[PDB]
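All chains, please: the whole structure from these sequences, using the hints.
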Amino acid sequence: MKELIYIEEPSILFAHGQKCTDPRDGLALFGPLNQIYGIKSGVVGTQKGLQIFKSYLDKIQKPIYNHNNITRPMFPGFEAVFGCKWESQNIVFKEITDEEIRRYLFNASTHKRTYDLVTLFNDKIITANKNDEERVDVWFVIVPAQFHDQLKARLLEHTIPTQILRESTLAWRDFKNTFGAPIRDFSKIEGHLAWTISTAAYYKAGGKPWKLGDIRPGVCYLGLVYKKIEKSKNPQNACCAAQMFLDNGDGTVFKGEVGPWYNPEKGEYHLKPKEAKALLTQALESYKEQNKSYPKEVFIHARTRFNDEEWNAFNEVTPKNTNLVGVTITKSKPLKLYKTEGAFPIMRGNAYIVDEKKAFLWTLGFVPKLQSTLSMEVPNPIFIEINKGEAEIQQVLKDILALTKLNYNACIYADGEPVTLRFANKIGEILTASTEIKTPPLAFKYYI
Amino acid sequence: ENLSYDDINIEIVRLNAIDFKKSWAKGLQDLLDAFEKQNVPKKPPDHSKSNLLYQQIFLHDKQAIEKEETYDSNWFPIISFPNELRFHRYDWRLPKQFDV
DNA sequence: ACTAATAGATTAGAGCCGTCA
RNA sequence: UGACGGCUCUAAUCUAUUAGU
Ligand SMILES: [Mg+2]
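Residue numbers (the entry's author numbering), protein chains in the order written: chain A, 1 to 144, 204 to 507; chain B, 101 to 200.
It should be emphasised that the hints constitute simulated quantities derived from the structure, not laboratory data. Where a beta carbon is used, it is the ideal one built from N, C-alpha and C, also for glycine. Don't take each hint at face value.
Listed next, with one range per pair, are the computed distances between beta-carbon atoms [to be verified]: (1) B:122 - A:352: 31 to 39 Å; (2) B:141 - A:137: 45 to 53 Å; (3) A:434 - B:190: 49 to 57 Å; (4) B:109 - A:55: 54 to 62 Å; (5) B:122 - A:393: 37 to 45 Å; (6) A:449 - B:114: 51 to 59 Å; (7) A:430 - B:182: 49 to 57 Å; (8) B:150 - A:434: 29 to 37 Å; (9) B:181 - A:493: 54 to 62 Å; (10) A:88 - B:171: 51 to 59 Å.
What follows is the structure, encoded as structure tokens:
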């Protein structure tokens, strides 16, 4: 019988310094922030893949609409939303061998066949980069098994952007099953898939669609994720870390402090002191050099709870007064509510408080402007708590709700969890394919 | 909005329609409503329009109403609890390997 | 000191489905 | 890897209680 607390929905920035709520709504309204026109593209693969990719590229030029448009807005032409020239008449194409030098059946060794295929693709791409004369930005690899991890890891050392597309994506019309019916039906999301592909291509080309300008100056945010690596001793180290929003000349810095600080244990997860201070110093020095000053507040995200001696080590790191506050987030607590009447769920934005520390937040539900729900069944909320430090309880709630929009890999209205942990997790698996790299690149476009 | 609303113009004071400090889409909606109520001459939509007739406004119908509602939870409460619990040690009430 | 069992409570990996009547 | 969510199973450490030596 306790009342709930609603929190407003922060807005994003767009061209000419305006604001909106749905990113694609603003895109159709104004468009991007910065200007990018270099989309000279190259494609490698077989004849069928090249032909279908060219057909798709000439198809995307005209506007298209989905089955229902009250939820998903209209998709105009690509020149009519961003402003560029994307065409199939300026593509550099190369042909993979038509015959197979790797046996068709995965009988000898599936790992060996995957390594051979990635070796062939990597060598062809490197020869193309180091031999030819043209200038290219992206590469749209068609595929006729944990493959792309190795390819991204092996292409990391050459600093070339890339993207992967599967053959089953485009030819769903004639890709019938064994009974003659199509396996996949994309007669409902074609506009949104076009939106996502265009946004991903524009980001990879070197252009940011939207930024943020309603954040408190002088504060910086951090996140940590943990993953297991299993070679001989199964030593779980991870510590891939994430990005940070250090203030600058009216921008949104998103570089991430990377480098898997080794933690040599099999069951211990939290942290070790020397790696802790190394990580914190590496995170802090970038702010120190960029802002030529010192931060006033440090915020730490965590996906799991952490020990105490790490905080003992971190206490001396605080230069003068910049106290660091560390919080934890989970993803599963059974509190499935039900609306008293009708057949409709609850809406996102409501928060629940049990004390000064714990809190339940609902980032899944419905939004009236979409008229529908983000989830299929009744949504379930998430839990937040300030593990270490003292801060206002609604501050972290509104902050964690604020960071649920910077999802550059898609264009959904909102996402389940904040992206600070999401991007760290995303880079985690692809960095661990081969850890023989020293000082990896810090930009967030090479890693997807 | 840097200029004060005082010195707008000498021969415009009697007229007041709209400002644009807030945003640029709700203003479009207001101007469209004004043109409709004053009956600006109509133009054919070529049977392809009226799709824009939804997102041309800044928000479709998103608002903040204060009407109250109730929700049914999933937990079940307990009112009465036993006062005490008992404690003992005899060490051969049952066979050791025998389970409890 | 550690290898056997007891259960509660955290934690991460993978593998299946629908696509919003 | 288009992208999201909702589910299922498998396993694993940290406490705290035993008895074999
Ligand atoms: Mg992606």
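When the structure is checked against the list of hints, which entries are broken? Sort them ascending. none
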